[PDB]
Amino acid sequence: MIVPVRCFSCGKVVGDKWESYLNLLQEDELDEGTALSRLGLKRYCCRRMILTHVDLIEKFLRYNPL
Amino acid sequence: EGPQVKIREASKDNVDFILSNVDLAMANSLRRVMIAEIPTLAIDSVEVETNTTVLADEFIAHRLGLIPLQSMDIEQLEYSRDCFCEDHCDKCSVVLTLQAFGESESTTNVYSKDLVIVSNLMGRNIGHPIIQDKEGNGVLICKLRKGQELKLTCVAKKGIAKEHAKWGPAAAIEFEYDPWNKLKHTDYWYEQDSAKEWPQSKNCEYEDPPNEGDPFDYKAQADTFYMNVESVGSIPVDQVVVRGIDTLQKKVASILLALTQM
Amino acid sequence: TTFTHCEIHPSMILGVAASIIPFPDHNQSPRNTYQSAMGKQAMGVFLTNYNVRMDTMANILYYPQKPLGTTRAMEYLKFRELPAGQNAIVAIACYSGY
Amino acid sequence: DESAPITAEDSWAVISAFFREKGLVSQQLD
Amino acid sequence: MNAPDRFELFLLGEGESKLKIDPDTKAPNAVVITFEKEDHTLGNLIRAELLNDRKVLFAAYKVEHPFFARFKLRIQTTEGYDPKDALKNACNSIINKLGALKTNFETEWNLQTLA
Amino acid sequence: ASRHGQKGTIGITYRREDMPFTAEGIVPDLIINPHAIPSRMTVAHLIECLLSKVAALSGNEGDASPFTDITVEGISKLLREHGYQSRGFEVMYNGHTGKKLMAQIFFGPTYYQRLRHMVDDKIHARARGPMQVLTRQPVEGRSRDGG
Amino acid sequence: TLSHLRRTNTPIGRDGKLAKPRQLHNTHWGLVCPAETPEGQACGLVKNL
Amino acid sequence: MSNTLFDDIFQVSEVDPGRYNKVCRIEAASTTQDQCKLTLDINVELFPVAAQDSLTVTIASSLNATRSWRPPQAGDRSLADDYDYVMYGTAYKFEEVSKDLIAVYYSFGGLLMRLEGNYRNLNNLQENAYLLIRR
Amino acid sequence: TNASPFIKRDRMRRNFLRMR
Amino acid sequence: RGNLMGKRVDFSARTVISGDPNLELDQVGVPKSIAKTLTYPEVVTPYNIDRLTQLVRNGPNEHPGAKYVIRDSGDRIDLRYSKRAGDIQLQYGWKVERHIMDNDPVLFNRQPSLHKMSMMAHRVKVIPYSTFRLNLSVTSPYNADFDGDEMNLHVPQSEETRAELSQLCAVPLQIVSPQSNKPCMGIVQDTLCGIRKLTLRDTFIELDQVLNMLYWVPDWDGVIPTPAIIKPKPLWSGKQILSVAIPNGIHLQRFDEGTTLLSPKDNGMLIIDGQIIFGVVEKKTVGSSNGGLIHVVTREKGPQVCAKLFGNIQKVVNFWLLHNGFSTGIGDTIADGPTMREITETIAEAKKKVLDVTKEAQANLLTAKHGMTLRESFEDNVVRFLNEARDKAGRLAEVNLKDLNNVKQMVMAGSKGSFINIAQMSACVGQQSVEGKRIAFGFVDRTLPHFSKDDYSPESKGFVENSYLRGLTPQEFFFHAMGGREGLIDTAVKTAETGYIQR
Ligand SMILES: [Zn+2]
Ligand SMILES: [Zn+2]
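Protein chains in written order, with the entry's author numbering: chain W, 1 to 66; chain S, 4 to 265; chain V, 736 to 833; chain E, 20 to 49; chain U, 1 to 115; chain X, 981 to 1127; chain Y, 491 to 539; chain P, 1 to 64, 75 to 135, 137 to 146; chain Z, 16 to 35; chain B, 337 to 839.
It is possible that part of the hints are untrue.
As the list claims (entries may be wrong) - Rough simulated footprint, nothing fancy, chain X against chain B, three-plus residues with beta-carbon under 8 Å:
(1) 597-608
(2) 747-759
Said to hold, decoys possible - Below 20 Å or equal to it, Euclidean Cα-Cα: the simulated EDC-like pairs (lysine to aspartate or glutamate) are:
(3) B:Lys-744 / B:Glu-618
(4) S:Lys-187 / B:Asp-483
(5) U:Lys-62 / B:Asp-483
(6) S:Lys-254 / U:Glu-38
(7) S:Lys-169 / U:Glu-8
(8) B:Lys-637 / B:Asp-592
(9) P:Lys-22 / B:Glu-542
(10) V:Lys-813 / W:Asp-55
(11) S:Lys-116 / S:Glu-215
(12) X:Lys-1102 / B:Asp-485
(13) P:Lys-103 / P:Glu-126
(14) B:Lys-567 / B:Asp-538
(15) U:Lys-102 / S:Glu-4
(16) S:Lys-222 / P:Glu-45
(17) B:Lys-651 / U:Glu-8
(18) V:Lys-775 / B:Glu-542
(19) S:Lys-187 / S:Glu-166
(20) B:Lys-569 / P:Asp-86
Hints are computed from structural coordinates only; laboratory data are not their basis. Note that CB positions come from ideal geometry on N, CA and C, so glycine has one too.
Please model the complete structure; the sequences and the hints are all you need to start from.
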């Protein structure tokens, strides 16, 4: 859905690197591990947040209400 | 002079250092006040003028509540509980306005820099939204397309971390002492070997190995700490260290003066 | 040495909630029984049209995450797309009170 | 080769084709 | 709902002080002090540093239950010497030590300062 | 409940100033009693937690695969060369004072989920309320304030 | 929901025997889940493909 | 008024681990009283022991019902407190073996010992005692 | 041994793109 | 039945419980919304006049609150509207209704009742954060884990009833069950494990702990015990500190299989004058037993001091276990490889002797043991062989298992699990079965359609080879499900039948 704010585990600001984490896939053909490396969350406590978030808001918003 | 202190590595956002000739209770209390009583400012009360999105309104509120703000001059303003006024005077709070519009054919984003300062800032550097990326975007809020409107009146008052994590600046901590088990406060689990079934500390090199055969040092005591504190960035890290020290000392002075009043 | 047939995969003797049980060999069977009973009473998301699809009872959480563990099947159960709960960090400690 | 035998990993594609054909509610629908 | 309210985390209660002293009768020169609205922050530190000084005799502190932000503390000392003055001396030692810590940290971080 | 049948409820909530915490400060989300384990014989929960931790450090997602060949040994060696304990135990600290802790703790990421029977539909109390006309007794139903 | 579409249900009566089909049988392989049974007075009655 | 009531040099035979990590077990014989026999529990690490180690033991009735204990108060204490292993506990049972050798078993809190000797058969001790061991 | 704890799919797609 | 010997009631409460280690047995935790909702009549005397007047002025919201007042005649004036609020003088001979202030007597229920238990009385300390709260002690006679079960509560109205609940249905004279001629209360799993940790000889403790526990015990005399060992440092044994919590003049003897007064194997238990001397606290001494410690103190000293005894040792073991910390993990479960291959070859030679016996059967020459039939004797031989294989394997695994193994610590510490549990989860399972016979020839000529015809091998019928940890084969998975489903169906029928016969 929306990638949330402030990790339950650590609590730093999360989601700055979110669409960045996207574009380190398509136009770079870049593996996710080194992508998270150069992304730069040296803990894992935040790394899991983006590793298991699933977007839903796209499927939400591609209705046409009103 | 007593508690000598030595730095290891500094940045904009995380500080790791050495604390020596101190006591375990002192360090633990430092950690607790560090995560608990550092006053700041954040958005607390929200006024939804009109919502249209595919999200809920209090949903948007709790989403808003975690956006940190500029926190330098936070001492200047006053708590609403102690303030003599009612309903958020300029001395005790700030005002936030957010505007979005469904303009494009494609989907639209809202970044946390789109919110603006509203009321009298009175020159104290307060309440700007933090940007961290290369592209000036405070972290995402909600997504819209072509038809939806949000008008947000928001009021931000003081708050502290101990009653809600909204006002927490810390959001990380690190803590180490006796990396090499010399104080022997605890053994290790093992199935065949204590050594190989565990990895070394990263703090290994600053204290010598335990000499391998000398008798158990009994009259030793805890010292030589390793503190790495990584703040959120709503307020600088040196400032949060010194201000945690400040609020601890003011608390202890308050209890002392209450005692001498009694 | 006289076979005529082999199964596609031994993992596919199960059922719907039975897919969701991670490593379902590695426990005891009545635990699987309570798990299949329990999974029907989980919230999360149920459809996507819920801004319009009125009904009496409806339970939607906020932040649904696909589980870190999974088997291959609930990819086909679309459960990766629409999850039940979210991960957390659990601890095993008799921490003295509660 | 294309005429080689089949490793245990491979059958998931067979499952993919089978579900894309039938669907889960195939019993009621049929 | 009419539970006791949420201002019991940090705010003072009206008509009631930050503390109430109380005299025991169990041992000579033995008293207990009631604290509330705080926690192990002050608790562990005050107990450890009052233990460090050795003119005083015995101490310990505990919380009754986590649902209430209050805790107690039990002090006795030898004759003539007094618990209240002893702990106020302890508090002055605390504030002096940490003030030295603060100024030394400030100087350390300034002498760090990059470039 | 868990993914293995560990139902119950919540005792209390502390905050981070006295939750248990590690060297990297990874404060936990929830804590339960070890006495669930050697009675309900739920090894699957533990192996799920360990594979979950190695998945989190890897970045690759995991695998369950009911009848396959993934073993604790491979999991152990992988997470070992990722630089942690070979089994999942961990140095850990006191919540209150931060002294060392005697034992060590298996602790990490795991998948939970939420049930439906929330407390507000089950709390119910009554005194001197409505009367049923057939029997002059208190009526049924939490809805109409029964007994 | 994707569980509840594929349900099956037999009638038996009030008490019944036990070797009679209240408990599972070897014939059930590859067809019905040997775990996903409901609990309480009807275990071994409802079963899932 | 506080005096030793039994004191001699004792020679350990050997030491048993007892599958623990801070305590062990000692058994020892007198040089002088060949009738007498000694066994004793010990915190093994905090004073290490070995085979063929001569040791000395001491009754130490008191140090000159005791009140609440005082923190050790580092000034000079002209007591029986200047050997190493100082250790306090409680007696519970008296034994008569061979019609001659009396036997008593004291305790130390969670520690035990066995003690023999038939010369001092009234001078020996009674309900609680101390212990002193040198070097 | 390799023991296959994890697997790849679209790389093998591209391998068959060169194979065919 | 639904109207005369049972019916609906008034003054009722129904929520879900959580444990707590700080509330003793005669209390109970009650949530404040429920305290507002309930009531209880009092009377107006010269004694209660001022407190009742103050609580009437407090209005119907503030927690020591009132809702109804009753004057001489049939008078029900309700305080909610009550525009003459601060004006009633509250004359003698009257009745007021108030909320539940604390330590009121109150009767407790849990469905479904079986025996004299489930009916305790309690006092009350009123608690916020709405739910119930009660002592971890009384849990097993209540026969309810925390799996979401709900409770039932009632409040007496008059003084006779309140007094007789107070004097009869309170806990401290229900410590021993009359039905089972042995006490059925008990300190339970977590504190039991912790006290087994504490009682060990090898451990000790420091000042900062021992002063804190000595303040933690509510009835401590203001006297510290002496140092147990002095030389560089005061230290104490867990036995030494627990002897404070044990009240004086209590004596017990255990003397089982070691216990030559200088216990090498450290079993047994002996207490003189309320002080521990030696031994290892364990459930077979300190839990519910025939010669129980609780039995002893209740029968001798007087059956309410035991309540504070649970309070004392429960609080102390809890607070020490806090800073100690304790847990388990997979590293308990996995064991040594040479022992693994010994398990393997043990099962293998069992299979070999099974094969030899089957060959002897297949060449028609056998004993044909007396009483039963040829095939029945064959079944007896194979069952006996495999069971000896299973428990010999379990014995080998347990004796290999280490002394810092935490689940071994758990099981020989008591509370939960067993040797059978450890062996079952670690080495092998043994042949699952239904009604003694192993898994029947469902399909023709064979067991499951996946083997060749006409076999009686341990694989064929499905003796379970592997442990849990290494995994299963699908056949073993299926047989395991068979046995479990049999257990479930027999339980779900026997519950209705036993309910009928009990009624
Ligand atoms: Zn994080
Ligand atoms: Zn104001």
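query: Honestly, which of those hints from before does the structure not fit?
result: Of the numbered hints, 1, 4, 5, 8, 11, 17, 18, 19 do not hold.
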